[PDB]
Amino acid sequence: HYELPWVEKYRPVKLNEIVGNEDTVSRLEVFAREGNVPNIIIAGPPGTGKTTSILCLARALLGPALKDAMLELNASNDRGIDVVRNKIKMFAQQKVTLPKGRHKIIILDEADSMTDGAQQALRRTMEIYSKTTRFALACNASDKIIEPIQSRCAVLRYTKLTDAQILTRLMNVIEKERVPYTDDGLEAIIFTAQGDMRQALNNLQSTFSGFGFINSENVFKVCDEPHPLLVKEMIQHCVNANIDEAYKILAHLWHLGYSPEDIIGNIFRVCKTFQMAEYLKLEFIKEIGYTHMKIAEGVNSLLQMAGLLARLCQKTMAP
Amino acid sequence: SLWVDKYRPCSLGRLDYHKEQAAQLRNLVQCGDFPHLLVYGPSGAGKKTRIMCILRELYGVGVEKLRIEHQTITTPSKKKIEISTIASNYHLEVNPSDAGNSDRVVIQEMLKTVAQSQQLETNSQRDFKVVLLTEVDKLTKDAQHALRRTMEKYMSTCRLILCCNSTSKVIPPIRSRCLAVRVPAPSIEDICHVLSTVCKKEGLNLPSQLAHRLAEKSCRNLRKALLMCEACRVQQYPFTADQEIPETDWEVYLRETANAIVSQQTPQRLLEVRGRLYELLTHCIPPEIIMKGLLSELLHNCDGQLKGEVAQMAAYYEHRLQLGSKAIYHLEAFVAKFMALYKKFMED
Amino acid sequence: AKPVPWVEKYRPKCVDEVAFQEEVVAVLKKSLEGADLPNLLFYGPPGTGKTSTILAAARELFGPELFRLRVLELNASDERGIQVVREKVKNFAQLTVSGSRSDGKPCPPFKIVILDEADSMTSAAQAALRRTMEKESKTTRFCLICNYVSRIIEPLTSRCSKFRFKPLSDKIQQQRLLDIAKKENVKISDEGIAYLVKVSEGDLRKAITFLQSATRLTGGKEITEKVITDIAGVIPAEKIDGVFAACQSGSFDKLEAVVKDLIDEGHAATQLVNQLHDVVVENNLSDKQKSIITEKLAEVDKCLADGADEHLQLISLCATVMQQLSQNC
Amino acid sequence: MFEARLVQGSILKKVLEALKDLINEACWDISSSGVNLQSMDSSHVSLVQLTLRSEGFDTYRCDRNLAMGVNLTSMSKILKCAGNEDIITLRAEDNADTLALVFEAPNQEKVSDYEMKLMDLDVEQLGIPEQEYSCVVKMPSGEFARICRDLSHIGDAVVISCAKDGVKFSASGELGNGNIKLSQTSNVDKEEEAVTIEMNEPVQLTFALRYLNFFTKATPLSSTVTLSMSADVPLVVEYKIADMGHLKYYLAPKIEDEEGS
Amino acid sequence: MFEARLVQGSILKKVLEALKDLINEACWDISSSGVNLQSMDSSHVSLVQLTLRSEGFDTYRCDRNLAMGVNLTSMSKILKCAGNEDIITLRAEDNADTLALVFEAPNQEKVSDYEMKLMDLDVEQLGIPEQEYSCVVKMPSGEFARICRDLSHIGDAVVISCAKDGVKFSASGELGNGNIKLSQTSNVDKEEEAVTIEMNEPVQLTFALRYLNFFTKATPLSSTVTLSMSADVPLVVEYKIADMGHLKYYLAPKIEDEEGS
Amino acid sequence: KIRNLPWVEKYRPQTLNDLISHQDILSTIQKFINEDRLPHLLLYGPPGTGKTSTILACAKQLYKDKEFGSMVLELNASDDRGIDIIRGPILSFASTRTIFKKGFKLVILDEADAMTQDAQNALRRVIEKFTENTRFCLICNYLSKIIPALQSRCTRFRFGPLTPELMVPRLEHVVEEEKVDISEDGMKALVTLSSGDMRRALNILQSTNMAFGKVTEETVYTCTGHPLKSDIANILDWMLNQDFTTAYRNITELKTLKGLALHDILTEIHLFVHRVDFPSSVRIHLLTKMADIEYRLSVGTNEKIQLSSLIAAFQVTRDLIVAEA
DNA sequence: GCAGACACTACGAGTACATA
DNA sequence: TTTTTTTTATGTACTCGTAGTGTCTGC
Ligand SMILES: Nc1ncnc2c1ncn2[C@@H]1O[C@H](COP(=O)(O)OP(=O)(O)OP(O)(O)=S)[C@@H](O)[C@H]1O
Ligand SMILES: Nc1ncnc2c1ncn2[C@@H]1O[C@H](COP(=O)(O)OP(=O)(O)OP(O)(O)=S)[C@@H](O)[C@H]1O
Ligand SMILES: Nc1ncnc2c1ncn2[C@@H]1O[C@H](COP(=O)(O)OP(=O)(O)OP(O)(O)=S)[C@@H](O)[C@H]1O
Ligand SMILES: Nc1ncnc2c1ncn2[C@@H]1O[C@H](COP(=O)(O)OP(=O)(O)O)[C@@H](O)[C@H]1O
Ligand SMILES: [Mg+2]
Ligand SMILES: [Mg+2]
Ligand SMILES: [Mg+2]
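Protein chains in written order, with PDB author numbering: chain B, 33 to 351; chain E, 2 to 349; chain D, 35 to 363; chain H, 1 to 261; chain G, 1 to 261; chain C, 16 to 340.
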């Protein structure tokens with residue numbers, strides 16, 4: 033036997049062990065206790081626990097009838113126009129005896145990869161056989177799922193995890209794993225995770241396996257500080273036409289080994305949600321796209337990024 | 002047959018202008034080891050006449066017996082595209098710009114089949130064939146980058162005579178591989194001599210003043226000058242000194258479009274000018290000639306401290322037009338910038 | 035006994051015939067001796083000798099009987115997609131090195147893949163080449179030829195030992211052109227060969243083409259400087275002085291007139307940009323005026339590099355230098 | 001006025017899918033001796049001769065010598081609706097510009113007529129010289145269908161030589177050459193398998209692969225295939241369609257490329 | 001020098017049509033004892049071992065040992081054009097890359113030399129454990145191929161169980177369960193049809209159906225296939241050719257997880 | 016035995032101890048291997064830092080030579096890696112057991128940035144469902160080309176650029192095993208021109224050993240063609256001190272004599288501008304101008320005109336700097 | 001034994017889209 | 001309170017129609 037990593041070994045098996053989104057998880061716990069759950073779409077950031085919530089709800093609702101009354105489909109399966117017509121539909125008509133308030137659950141994980149025609153063919157088999165079967169969909173970008181499917185469900189939306197919600201499960205994993213720690217190292221783990229519980233467990237396991245103790249510099253020796261938190265400060269330095277500090281942060285990110293594509297992509301994501309004027313943001317985005325054209329055609333050096341920073345500083349001083 | 006085709010010279014010694022260049026081209030192709038040629042100059046100068054005179058000098062008189070040949074080429078997207086081709090018993094002429102952006106496929110498949118095949122008759126036909134690539138300035142950069150190894154590997158068997166208007170659109174990999182032959186436009190006196198010789202060969206009398214006005218109105222284009230000379234013969238046989246010369250409709254339409262630009266500077270006038278530019282673009286007029294005619298007419302109504310900024314604006318928006326794909330955006334941007342500059346100049 | 039033009043007749047057959055590219059020629063010469071030949075990347079201006087060096091090298095290493103079985107040459111003239119790299123290049127790189135030379139000359143234990151004009155390869159097709167060179171380098175070698183190294187991705191740049199082909203110096207080009215003229219029974223004056231090596235600007239193919247064309251034009255007599263000037267498309271100095279007189283006049287009508295004169299006489303705008311820049315960097319203008327005139331010359335040359343119209347770029351550059359000359363008036 | 005009747009419907013179901021991908025038109029020339037079809041491609045590489053005599057038709061009425069042209073795109077969709085062992089009758093009037101094609105059952109009350117527009121094409125007869133070749137050999141039809149499909153997996157151009165030992169089929173490519181020499185199979189029960197050589201001058205020539213593979217789907221039309229070729233005369237492939245006539249094919253040699261370093 | 005010679009060409013045809021959709025390239029290991037072939041599939045799940053004895057060849061000579069990497073997609077297009085009552089010649093020089101596949105046509109006249117190009121894929125030698133199997137079952141290849149086809153209709157992966165009574169095939173599929181249990185059917189006139197059990201320990205393993213039906217394409221090679229199975233070491237589908245050698249197959253079991261409940 | 020291989024492949028770190036720079040990451044990876052708890056890895060960084068060699072050393076340490084074909088399914092950008100491969104061979108490799116010896120398998124996906132988004136989306140549940148039986152290693156250069164679900168599933172180790180302090184002894188080992196005469200300035204030139212990349216350092220060393228036979232600063236800067244620091248300082252001194260024609264003549268004479276290229280001159284001048292205490296407006300103008308010149312050199316342009324513009328970009332700001340005072 | 005009918009997979013063809 | 005159409009140049013994925021072809025039934 034091989035020991036599992038802490039991401040999959042410490043997966044919650046009950047709905048009370050899932051932290052974050054307390055109202056939605058509590059309502060899912062009530063549904064799992066009583067029954068008659070509706071069709072459900074859970075959307076959110078990766079690592080929030082949508083697959084965990086769906087699987088825990090299905091395991092608590094079905095129980096011993098799991099192997100015959102649950103159909104799990106993933107992106108590793110086909111889920112084409114033929115699988116919806118001959119596999120989802122045949123399982124929907126299929127007779128499975130169940131207790132009262134319990135239905136067959138068709139789990140369609142990662143429904144963004146589902147094609148538009150397959151989701152169109154999924155509608156009438158969802159509406160007709162709702163007396164016998166139920167659907168549970170999980171997705172990251174809810175815009176890829178078509179509107180008639182979203183109208184057929186209660187579209188639940190998951191938010192990014194609060195640091196205390198990660199911290200409680202970090203206490204849980206630490207006391208079942210007997211991990212020596214300090215407080216600042218766990219704040220470093222939370223800071224490296226950035227709302228991702230998978231990244232929190234991965235970084236905690238890496239720091240425990242590599243060093244055996246959780247302080248700040250043991251975490252930052254193998255993990256990394258998040259990239260757009262420095263890009264926000266460098267864009268802020270570009271806002272006040274301060275080219276020296278902006279180039280200092282750009283050169284620090286360049287000597288860390290980041291490619292120009294990743295740097296300019298995080299620049300664009302920071303400038304998307306930055307707090308400035310609307311016209312200044314628009315000409316900043318136009319300048320970023322003009323530089324990204326030169327990055328894409330082949331020329332990508334520190335000189336191009338410094339020229340982009342200087343043009344962004346020029347956009348402030350040119351009303 | 003019109004006057005542009007009935008009185009075209011056949012041999013290099015019959016050319017009335019650029020006779021020293023005709024003797025140089027006579028001495029160039031005599032041995033047969035001449036390199037690839039890049040015949041460039043203004044349109045209507047006589048580049049194709051010199052190329053066919055070179056082809057007459059190399060082979061027999063069989064280069065004037067042409068035929069239309071059709072070839073269907075398969076794209077990488079598996080869509081069949083038909084391309085027309087002028088071919089003779091000694092040479093062949095290709096216009097790859099008729100295929101659009103698929104000219105790279107024409108260079109990669111059509112040209113290699115011609116270049117990789119040695120000529121069937123070696124005694125009547127010479128030791129090499131000639132491929133005429135006409136309008137290589139309109140070629141995309143991918144087709145020009147696919148061209149270069151064909152001009153190096155099978156050069157001693159397949160020779161090339163490239164014809165274009167501007168050598169700035171030709172990449173320096175191609176420009177290094179071929180000897181550039183410059184054919185300037187004939188002056189007013191050479192065009193007057195050609196028109197007088199054509200009119201005397203038809204039994205007519207042509208005054209010097211009318212021939213001079215035909216030469217200035219054609220802007221040193223011998224094809225256009227011979228066409229308006231034939232048109233002036235058609236409309237009125239007595240060749241008066243002040244006989245009205247007919248004009249093409251797109252040029253005067255461009256003049257009226259620029260007059261409408263000057264007359265009002267408002268967004269709805271900009272919309273009407275955009276409709277006029279749509280009318281000009283839908284008649285297959287190239288957008289750089291629209292920009293050139295616009296700058297030719299709008300600078301007549303500008304004052305002396307405004308012409309440089311309008312010229313720089315026109316060149317900048319023409320370069321952005323050649324970088325982009327949609328002509329109407331850059332044309333309307335140039336027109337809107339000119340209206341803004343004209344309103345700022347007149348209101349101050 | 036057919037005639038052959040001089041660019042292919044004087045194409046280097048061996049490595050010692052390549053001129054002025056001393057470091058890479060020494061590298062391939064030690065590879066000819068038997069040293070570990072690395073993956074090569076050749077880049078530089080046109081006419082410098084990137085294709086001929088590797089072709090003469092492969093002819094030297096393999097001979098006539100092993101060129102077809104050890105060299106795969108791919109250019110932009112054939113199809114190089116993701117599938118050609120994934121199938122044809124990988125199946126060639128996975129082949130066995132079998133067959134030795136019959137003349138007793140040593141045979142190298144690798145194949146050579148020549149990807150000439152690798153700027154035209156896509157970024158996806160270049161990404162499929164990486165572990166082909168990393169895995170199959172025991173039995174094959176890769177030589178990418180390009181003109182701009184920015185079009186080559188950074189993994190492929192890092193995998194290949196880069197050799198930059200410099201533009202040829204005046205001295206080496208002068209001796210090579212004099213040797214070619216001596217071998218062809220033709221004569222050229224000192225001013226003629228000086229103007230030839232000034233016009234060619236390190237392009238040996240252009241120099242050989244101009245020398246051959248002047249030989250055919252004159253017929254075998256003295257190749258003087260005037261046949262070089264009228265064979266190169268060099269604008270006469272009177273046109274440049276007329277352009278500067280129209281610029282110093284301060285009126286746009288004479289400026290349009292001389293720009294229309296230069297356009298109608300078939301002069302290329304690259305030659306006008308070169309001669310105009312040569313005049314501006316060698317006169318008594320101020321440093322600020324020279325600075326923004328040269329900046330306009332650079333941006334006009336760039337705008338001509340993407341194939342913009344000649345007349346509008348020339349009228350914009352002439353308007354800018356007209357404003358610069360008439361500002362101090 | 002032209003009206004003809006066929007003995008079997010499978011003749012047009014075996015002759016007309018063969019020229020699905022060769023020629024862009026079907027020009028039938030009416031004479032008193034029979035019908036004639038001489039057409040070329042758009043690439044001017046293959047020539048097809050189809051001559052069916054009048055003695056084998058069920059009926060044949062002819063008064064004038066005309067020339068009609070039939071397209072392929074509408075014709076190919078019609079024949080899939082037609083039968084196999086039925087009779088196919090045709091009708092064309094003197095002044096009408098619409099050829100009538102009927103593929104009715106041999107015992108039926110009603111007919112089925114899918115007419116098409118006559119294309120007014122202006123073509124001329126190039127004229128085959130019918131000169132003496134260098135080699136004339138006889139080959140089986142079904143075996144020729146296999147050996148044309150054989151070399152399609154090797155390269156794109158094949159080489160056919162024909163010496164006194166036999167006819168040599170070669171296909172050189174990046175994979176490996178393949179050599180096939182049919183010879184001396186007269187000791188068989190069937191008269192179909194008798195491979196004979198009639199003449200003697202050997203000629204080596206290269207022919208394109210695709211046009212031979214476009215030919216060998218019409219192999220159950222005839223029993224044997226006669227192969228005729230010379231040094232500069234194009235390769236002639238002869239078919240004999242039962243008792244009603246004969247079919248002739250023509251391939252110009254494929255252009256061989258240069259050899260370099 | 002390597003010169004092997006197949007006594008009938010039908011033996012090579014049935015071998016390489018079983019590895020056509022399964023194995024990636026043919027890596028022939030050549031020695032004086034015979035021709036070996038030990039290569040995994042593309043998915044690194046199945047393993048094929050093929051050993052042909054030198055005594056089964058017509059003439060076999062091998063001066064020095066060779067490793068012979070040959071692409072099979074280009075190789076499998078040559079056994080399509082090969083006879084079954086015919087002679088197959090295999091040639092390989094000491095330091096060359098050509099592989100002469102010389103045979104005769106079904107018309108049985110002509111030599112047909114086809115060439116391959118050798119590959120330089122180095123491969124680490126995979127060690128066959130040669131351990132004792134806790135379930136050895138003799139079973140006909142026709143019956144093993146039939147119930148593998150019937151089980152592909154019902155499910156995706158099949159549960160194969162062996163015990164004292166006999167082998168048992170279970171397919172938990174979409175439409176339901178398909179259970180086939182066969183035993184002691186040696187009381188027939190034929191000697192090929194026989195189910196025999198040799199060892200004792202009862203195992204249970206799940207295998208992919210797409211490889212079990214791939215392995216049963218060697219049905220014309222052997223009348224009876226030996227099935228070897230145990231708990232740790234994988235399933236073996238063993239074909240023993242009568243006068244040529246043996247064909248040895250391996251297939252790893254699938255990962256299954258019991259429900260927590 | 017002697018072999019005919021490039022020095023970037025002849026000298027490959029077959030073990031984890033032969034890699035030089037990322038000591039903490041490799042110590043954590045060795046502790047993952049020794050404790051039999053290796054997770055799904057995401058090795059990303061600039062090229063030439065040793066990401067392929069790290070996972071090849073890991074696969075060589077985990078599995079012996081008699082069972083390497085049964086445990087490692089290595090797929091890179093040279094192979095077709097579509098969604099048919101993820102739903103086919105990769106899924107069948109992940110969901111099955113081992114033929115010879117019981118153990119966990121490894122799927123190495125080199126150049127995972129070149130994979131499509133459909134294959135990356137199909138890869139998520141293959142990683143998550145069969146994490147006990149097999150582990151997936153994704154190696155990329157651009158982390159933005161990998162979907163955030165795959166970044167969440169795999170713990171990431173940033174293989175940053177190789178610092179020249181720890182990059183020296185590996186080059187010393189290559190020099191000692193290759194019998195190469197090298198000076199101190201030659202090694203300094205190698206670790207300066209390499210810029211955190213041990214592949215091009217070995218390529219420069221092999222090319223300089225073949226071209227000259229010795230590795231000195233002059234030989235390295237001649238074989239590479241890079242300008243020396245003193246010549247870049249002289250070019251900056253000419254552009255900031257003298258008039259247009261004299262500085263143009265000096266820089267053109269230096270470029271003709273040394274055979275320099277304008278790209279390396281632009282790179283080193285851009286590096287020397289941030290060290291020189293410029294005003295903010297002057298630095299912004301200079302950065303924009305050199306960005307324009309370095310963009311302009313990517314097409315068929317004349318290099319002399321761009322050199323004149325490079326001089327012009329400093330002759331503009333000379334008067335501004337002096338009048339700033 | 002050979003002609004007709006059945007489902008089977010391989011292949012050709014058309015279409016959409018690729019970002020946060 | 002207002003709706004047509006094929007261009008962008010590859011790479012990949014999806015979906016559907018069609019065509020050899022192995023195999024089964026029957027007189
Ligand atoms: N809310 C949570 N509470 C506790 N553990 C969690 C939570 N979310 C994630 N985890 C842990 O992270 C692992 C992976 O969570 P997942 O449910 O797979 O993430 P996800 O929400 O499905 O995101 P995607 O879209 O599938 S990448 C689980 O096995 C848990 O160990
Ligand atoms: N270094 C050189 N030594 C001798 N002859 C040369 C040299 N460079 C160029 N030539 C001559 O010029 C011809 C063209 O040289 P090429 O090697 O094709 O130039 P190039 O490097 O390929 O330029 P590009 O990038 O392909 S446009 C050769 O056939 C020679 O005749
Ligand atoms: N850390 C290192 N220690 C020692 N040698 C190294 C190191 N990194 C790279 N090298 C050398 O450089 C060669 C190439 O290293 P690679 O592992 O292929 O680089 P890489 O990390 O794969 O970069 P990319 O993104 O794949 S191009 C190796 O064979 C070594 O010779
Ligand atoms: N030397 C000449 N003598 C008389 N007519 C000429 C001469 N050169 C050109 N022409 C006429 O002028 C026109 C120029 O067109 P063309 O020769 O195609 O050159 P271009 O390709 O530059 O338009 C032709 O129609 C031709 O009849
Ligand atoms: Mg999930
Ligand atoms: Mg080249
Ligand atoms: Mg790597």
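By construction, these hints were calculated from the structure, which means they are not laboratory data. Worth double-checking, as some hints may not be accurate.
To be verified - In silico PhoX-like links for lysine-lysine, alpha-carbon gap of 20 Å or less:
| # | chain 1 | residue 1 | chain 2 | residue 2 |
| --- | --- | --- | --- | --- |
| 1 | D | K232 | C | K25 |
| 2 | D | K169 | D | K217 |
| 3 | E | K81 | H | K20 |
| 4 | C | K25 | G | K254 |
| 5 | G | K110 | H | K181 |
| 6 | C | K46 | B | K41 |
| 7 | C | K46 | B | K253 |
| 8 | E | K154 | D | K64 |
| 9 | C | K75 | D | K200 |
Verification of the supplied hints:
Between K232(D) and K25(C), the direct Cα distance comes to roughly 46 Å. Violation of the 20 Å bound is thereby established for this hinted pair. Annotation: proposed proximity of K169(D) to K217(D) is violated, straight-line Cα distance about 47 Å (limit 20 Å). Proposed proximity of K81(E) and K20(H) is supported: the alpha carbons are some 17 Å apart, at most 20 Å. A threshold of 20 Å between alpha carbons decides the hint, and for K25(C) with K254(G) the separation of about 39 Å lies outside it, so the pair is violated.
Restraint check for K110(G) and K181(H): the C-alpha separation of about 6 Å stays at or below 20 Å, so the hint holds. The hinted pair formed by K46(C) and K41(B) meets the criterion: a straight-line CA distance of about 19 Å does not exceed 20 Å. Only pairs whose Cα atoms come within 20 Å are accepted, and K46(C) paired with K253(B) is accepted, the gap being roughly 15 Å. Using a Cα cut-off of 20 Å, the hinted pair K154(E) and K64(D) is violated, with the two alpha carbons roughly 28 Å apart.
This hinted pair does not check out: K75(C) and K200(D) have alpha carbons roughly 44 Å apart, beyond 20 Å.
Checked against the numbered hints given earlier, the structure breaks hints 1, 2, 4, 8 and 9 and satisfies all the rest.
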